[PDB]
Amino acid sequence: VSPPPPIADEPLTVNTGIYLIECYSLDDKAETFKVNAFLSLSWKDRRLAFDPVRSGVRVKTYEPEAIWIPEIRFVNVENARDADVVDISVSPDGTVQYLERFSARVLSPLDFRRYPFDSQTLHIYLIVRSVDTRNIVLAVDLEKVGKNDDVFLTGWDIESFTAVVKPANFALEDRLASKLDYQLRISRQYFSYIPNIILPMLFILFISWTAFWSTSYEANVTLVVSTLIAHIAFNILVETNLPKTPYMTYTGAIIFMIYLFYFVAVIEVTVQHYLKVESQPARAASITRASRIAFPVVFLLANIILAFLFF
Amino acid sequence: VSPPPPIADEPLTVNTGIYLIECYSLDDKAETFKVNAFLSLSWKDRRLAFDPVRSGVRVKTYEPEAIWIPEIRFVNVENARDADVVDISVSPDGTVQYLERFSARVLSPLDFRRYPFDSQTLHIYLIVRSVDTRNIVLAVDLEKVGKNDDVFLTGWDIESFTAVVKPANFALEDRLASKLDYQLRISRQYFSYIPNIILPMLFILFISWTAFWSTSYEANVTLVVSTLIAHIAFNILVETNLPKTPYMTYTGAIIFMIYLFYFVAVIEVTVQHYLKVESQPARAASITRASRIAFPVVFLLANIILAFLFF
Amino acid sequence: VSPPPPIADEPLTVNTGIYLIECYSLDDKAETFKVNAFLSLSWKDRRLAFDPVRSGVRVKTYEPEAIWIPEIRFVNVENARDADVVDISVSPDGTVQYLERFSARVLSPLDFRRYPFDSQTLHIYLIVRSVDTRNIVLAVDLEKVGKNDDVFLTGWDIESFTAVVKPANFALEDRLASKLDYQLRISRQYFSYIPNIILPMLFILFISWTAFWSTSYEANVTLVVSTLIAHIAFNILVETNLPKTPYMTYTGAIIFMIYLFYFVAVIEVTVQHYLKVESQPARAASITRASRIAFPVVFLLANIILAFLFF
Amino acid sequence: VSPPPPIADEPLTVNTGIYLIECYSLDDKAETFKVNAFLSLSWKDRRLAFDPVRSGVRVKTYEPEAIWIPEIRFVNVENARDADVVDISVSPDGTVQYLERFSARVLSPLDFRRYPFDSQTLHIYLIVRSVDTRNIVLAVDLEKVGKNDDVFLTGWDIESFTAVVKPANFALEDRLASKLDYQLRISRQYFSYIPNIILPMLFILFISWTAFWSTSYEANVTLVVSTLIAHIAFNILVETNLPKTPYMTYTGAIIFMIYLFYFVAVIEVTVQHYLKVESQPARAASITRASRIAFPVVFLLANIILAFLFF
Amino acid sequence: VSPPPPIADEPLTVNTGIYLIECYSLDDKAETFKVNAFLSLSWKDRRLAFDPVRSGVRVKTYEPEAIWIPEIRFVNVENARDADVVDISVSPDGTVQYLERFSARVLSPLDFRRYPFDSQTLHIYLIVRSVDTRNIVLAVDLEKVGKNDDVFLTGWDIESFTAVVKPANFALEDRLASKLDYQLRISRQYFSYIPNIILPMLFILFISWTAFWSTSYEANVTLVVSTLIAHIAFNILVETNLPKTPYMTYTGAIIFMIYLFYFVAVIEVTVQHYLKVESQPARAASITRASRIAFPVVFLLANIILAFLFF
Ligand SMILES: [Cl-]
Ligand SMILES: [Cl-]
Ligand SMILES: [Cl-]
Ligand SMILES: [Cl-]
Ligand SMILES: [Cl-]
Ligand SMILES: [Cl-]
Ligand SMILES: [Cl-]
Ligand code: NA
Ligand code: NA
Ligand code: NA
Ligand code: NA
Ligand code: NA
Ligand code: NA
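From first to last, the protein sequence lines stand for chains E, A, B, C and D. Under the deposited numbering, residue 315 is the last one in the first sequence; the count climbs by one each step, no gaps. Under the deposited numbering, residue 315 is the last one in the second sequence; the count climbs by one each step, no gaps. Under the deposited numbering, residue 315 is the last one in the third sequence; the count climbs by one each step, no gaps. Under the deposited numbering, residue 315 is the last one in the fourth sequence; the count climbs by one each step, no gaps. Under the deposited numbering, residue 315 is the last one in the fifth sequence; the count climbs by one each step, no gaps.
The shape of chain E in the complex, shown without the other chains:
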């Protein structure tokens, strides 16, 4: 079969629409998500036109084999989409109405800078390669673009599913290509991070600061070192749920900065002991008393500075 012939030198417009049925498995480490949707296509093939009076019928169904169907592909999919044709319906003027149900693992990158208080724009790119007979251009039929109400992405809030109506027309391997951008806007559900990582991590830090109200070196060493190990466990736990970024994430920055606080606490604990042993407990007392105010104040200000730079 060949593509529909042009009336003049005009390109063939294939109207598109994606309707999400099931949205699932957003892998932060892999920067992928799985989708299960409907793909609707519509174009005019004058060769298929018929008289509704003579033929009796208002629409004619066809099997994919019987007629010409444009080769529509997804750009950012991992492997080729699994698709099954739901319906093909031709109206008297020759307007074809194609529908298929597909599933695909889509590869759209993520920005972890404000993690876990981040929002993402997932992309689904539809493309079409022009044939030698005639050039093919994509379009968005807006009322065939949507999502099911049940659509739930675990640990995320689905904000919107829209399409950038103007296609990106460009050259690809010496032929015209018409690319379309479907955008799924989502925002992370940060709530769980607070009682599971943030608050436990702050509690262990504050426990390390009880060493500023203790003269026992043996006890202080235990307090600051033990809590430092628990902070290492939280750093490891966090960096497992995330990929290796060439930038600093919000949680990454806080976690890093907290190490400096543990390091300075070890210095103070060591200085206090050295001074007490050196028979200078007056000077050691001054340092310990100062640290009680310095550590919380510097921690609070440094966090104001970080939140400011990141948000």
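Some hints here could point you the wrong way.
Copies of the same chain look alike in the list, so a pair counts if it fits in one copy or across any two.
Computed cross-link-like contacts, EDC-like style, restricted to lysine to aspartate or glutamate with a CA-CA straight-line distance of at most 16 Å [claimed, not checked]:
id : residue 1 : residue 2
1  : 170       : 222
2  : 151       : 178
3  : 183       : 26
4  : 38        : 55
5  : 48        : 154
6  : 183       : 154
7  : 64        : 136
8  : 248       : 32
9  : 151       : 13
10 : 183       : 153
11 : 248       : 31
12 : 280       : 115
13 : 170       : 185
14 : 248       : 282
15 : 248       : 161
16 : 248       : 26
17 : 151       : 177
18 : 248       : 69
19 : 38        : 97
20 : 48        : 35
21 : 64        : 185
22 : 38        : 178
23 : 64        : 97
24 : 151       : 163
25 : 48        : 14
Note that these hints are calculated values from the structure, not bench results.
Chains A, B, C and D with the ligands: place on chain E using the hints.
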């Protein structure tokens, strides 16, 4: 092939039934379960009707290819179901009796609020899209809905497998869709959680409270800090078997609250030491003696309050 | 094609046999195992009968497509078996001799009560659904049931592979079904558990009891708490290699009971210190001296009781 | 199609050869490896013979469908090999030269007794089932057996890829079978184990022995218990990279024996303290001084004994 | 179909080109990466030549089935590439222009010596086996070799995608083979390693050195042993993200060397205590004072030596 023609303007009723053979792999993190069942369909196609006297046979078998079969799909499946046709049998009046065996990874969400003392309702949604010739409506043949006695879901108790007999009729891509709800009611086997997580977690907490019967700061610091680390391990172990929820789970609440008890224990231990050093052991004694009653009582009451709010 | 016609009202007997080639991947958590075997089938189709004098040949070979082959399925498989036909041979009387080589992930449940000193019976269920023309019944040709000598199931000892010769004939979706039970009896290789989990776990417990020969509270607290943490790690390690059971496993019981020994050791350590501080070292001495005999004796008796209840 | 006819009662010899392109994914836990190779087959079919003068051509190509090809299968593969026919070429005498490119997950067992200083022989078993017309026997065409120079198996050294030229001819499901053994000899690259597991494990043990030069019970308890926990971590890390064996591995034995050294160290530390407290520091001194020589000497001799038994 | 006939004895040149669409999943442990690209092929088949005047058309499209297409395979792929033909276009002279879109898991080895400051050259090997009719040789059409601007490999920087224009012509199973080398040059994004592994690891080491400003054996033992355990966790964490190499990696060397620093710190701590107890605090003071300079200086120089040897 085309759909059966209507006697009048009535829709075509496709009677359905699902019979579970094997039920397995309930992923709490993914909110999926795997199923292996029979799907039975029945509708009347007058075009297939025959005289049993003239034809000799009481029923005629057909291959899927030969006749019209309604396109029935599952809504909440991950990928398209793996199905194999067992039998297609037509009675003299034209009543088709279709049977297929399928397997699918079903995506039904879970409510972890009462975890691990939770009960779930897993869903299997059957759907059918109306064609241009005539509208298709789903029905439940209750005699063809069931499950095998051997059906076992590891770590869960299977309560019931029933169907909501009235379908959800709605518009989908400008055509009528008839959705059916098959519900598998299950309840978690919480038994293992008691000797593996709950009792070990309470034992380490009670061990931390032996610091209220000790004047040794070095020993208390070791007792409260060491047991706090074991509690961190249990928090990490628990949050691995579960997904990130935008709400507080029952175990999540208990685990969180227990951190506060460790934090207050560190404060008491620090206060006792400061006072003893400051030559005020009488005041330190009062605080330590009070804590012995306060900590268990506040723990017991806070748990009564939590169990009340969650159940 | 249609099934062979009956001489009288007799059912069609399909003789079966399974010969295991490779047996592997027994997942304790999933209660599945993978199998690679031969499935042999034999039935008489008088329609295929031929004169060996006239046809030249003593046997005729056919492609699956050419003749009627009974639809034999496995009940407890995860997804549909991967099968490849090795041979189909028809003798002059019409006796068909079918051979296929298949691979499948079989879902047979396990009893972890005596873990890791448990024995299992894995099941492979063959089934056949009767057609409208005539009823089909399964049989076991014992000469075609076996296993290769090389058959090795990692971490398990293969005892026997036999078949329950009498099929389970029952109604399934309003038609007769003939089910057959192939049983693979295996027993766990418990050896590795002894130097990797059991002996390391006993060593750490006995180390905790060296606190009954020490008056140093600071040292005792370190001894009992540190070893309790190592026991937590062993409990976690063990519960990872196993699924969540609604019953107590043998190792589960020992692991649980050992927590009580750690808890009572903390009590003794605390009592000894309180008494020594309260200027009652005579009473503290009596308790410590008693514990030295009590702890090993109670541990030994409790283990005799457990081994008795479980075996 | 039927197999080639015999001149007399001789069997048909199918000459074989495997040439490895890519060798990868040796799973120690699963005892599997993945292979990507060429399979070459050659046999004489007199029916295909032709006169090169009359036909013009020196060789004739055929599609698998056109001619008879022996059913060659792999015994120890997991699932059926993925194969694609590269070429089929017939010489004037009727000698067929078949070539296919395949990939398979091969299941060959491993001997971890000398781990990580072990060498393995991976097996690829080719088999052929005799037909009723005539018996089929396998052979090795040695210059069609090889491997690519680039062939690399991560963490292993590939020594040789050869075939046991004499096939194993035996009865299988009442027909003759010709099995061939292709052996891939490999040896583990033990280098990484030394700086990552062996030396770190010895360092922590030697650190525990610094307790023989200390009279501080509190410090000794910390030294021996802390290092014992690090040894537990190494035991866990090692047993994860390996399957559960019914025998003792080399590393397994060393790891186990090291626990006894920790146990005896705890005993010595306890005895020293009891004696010092009991006002017998002279006797405690003798034991501590002896342990300084005993522990390293017994460790060194026990290791000589182990290396001897294992190598 | 047969290959194009030669004008004279010349070989057939198949011009190639790979254009990367999506590049993802670089597994360091497995030494694999997944690719999703276009494969373009071009060769002259005089049999397909046509007169553009008589035929009307300037180019003719063909289905893969209709014409002869060279069997091009990838050497270092895991399983056979997933490919879908985009276009086949013939010009009047008979020049065929083939285009297909494929996805494959490519197995290219990696050099971890400078990890995580390493650069890699990933390979994609295209090959072609000569037929009996005529020899086939590969070529690189440089205008049809490229990559998309959006091409992103998570945690890596894509430097270049080029091809070694001269093919490797060699014998394979007694026939000529033409191999082509496509090289994807990438360099690791080491940034994340600094705040997550390197700086945390140095902080814990420096904390261990605060024992040179302390006379408390009990505190020193806690300081050096606790920090040694955190270093063990970092060694384990690092060796999980990497495969077992027969050489020393950069991070591997630093990690190993740091163990020696912990071991010598334990010796110093032990010596200081023994001497103080032996009533030689003057000598213990000299050693402790020296260690304060020795440890940082030796650490800094040893690191200069390592960086020099590795870079
Ligand atoms: Cl696609
Ligand atoms: Cl479906
Ligand atoms: Cl609606
Ligand atoms: Cl409608
Ligand atoms: Cl099956
Ligand atoms: Cl095979
Ligand atoms: Cl390929
Ligand atoms: Na088409
Ligand atoms: Na149909
Ligand atoms: Na058949
Ligand atoms: Na054939
Ligand atoms: Na301590
Ligand atoms: Na072709």
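Structure-based check of all given hints:
1. 170 / 222: neither (69 Å within a copy, 70 Å between copies)
2. 151 / 178: So residue 151 and residue 178 pass the 16 Å test across copies only (14 Å; inside, 36 Å).
3. 183 / 26: between (23 Å within a copy, 15 Å between copies)
4. 38 / 55: Cα proximity of residue 38 and residue 55: none, with 43 Å in one copy and 49 Å across.
5. 48 / 154: Classified as neither; 34 Å inside a copy, 32 Å across copies.
6. 183 / 154: between (29 Å within a copy, 13 Å between copies)
7. 64 / 136: For residue 64 and residue 136, only the inter-copy Cα distance (9 Å) is at most 16 Å; the intra-copy one is 28 Å.
8. 248 / 32: both (11 Å within a copy, 13 Å between copies)
9. 151 / 13: neither (36 Å within a copy, 31 Å between copies)
10. 183 / 153: between (27 Å within a copy, 14 Å between copies)
11. 248 / 31: both (14 Å within a copy, 13 Å between copies)
12. 280 / 115: neither (50 Å within a copy, 53 Å between copies)
13. 170 / 185: within (9 Å within a copy, 39 Å between copies)
14. 248 / 282: Neither. Shortest intra-copy (47 Å) and inter-copy (50 Å) distances fail the 16 Å Cα cut-off.
15. 248 / 161: between (24 Å within a copy, 12 Å between copies)
16. 248 / 26: neither (29 Å within a copy, 19 Å between copies)
17. 151 / 177: between (34 Å within a copy, 11 Å between copies)
18. 248 / 69: neither (46 Å within a copy, 46 Å between copies)
19. 38 / 97: neither (37 Å within a copy, 45 Å between copies)
20. 48 / 35: neither (38 Å within a copy, 42 Å between copies)
21. 64 / 185: neither (31 Å within a copy, 32 Å between copies)
22. 38 / 178: neither (32 Å within a copy, 25 Å between copies)
23. 64 / 97: Close inside one copy (11 Å), not across copies (28 Å); limit 16 Å.
24. 151 / 163: Close inside one copy (11 Å), not across copies (33 Å); limit 16 Å.
25. 48 / 14: Classified as within: same-chain Cα gap 12 Å, cross-chain 32 Å, threshold 16 Å.
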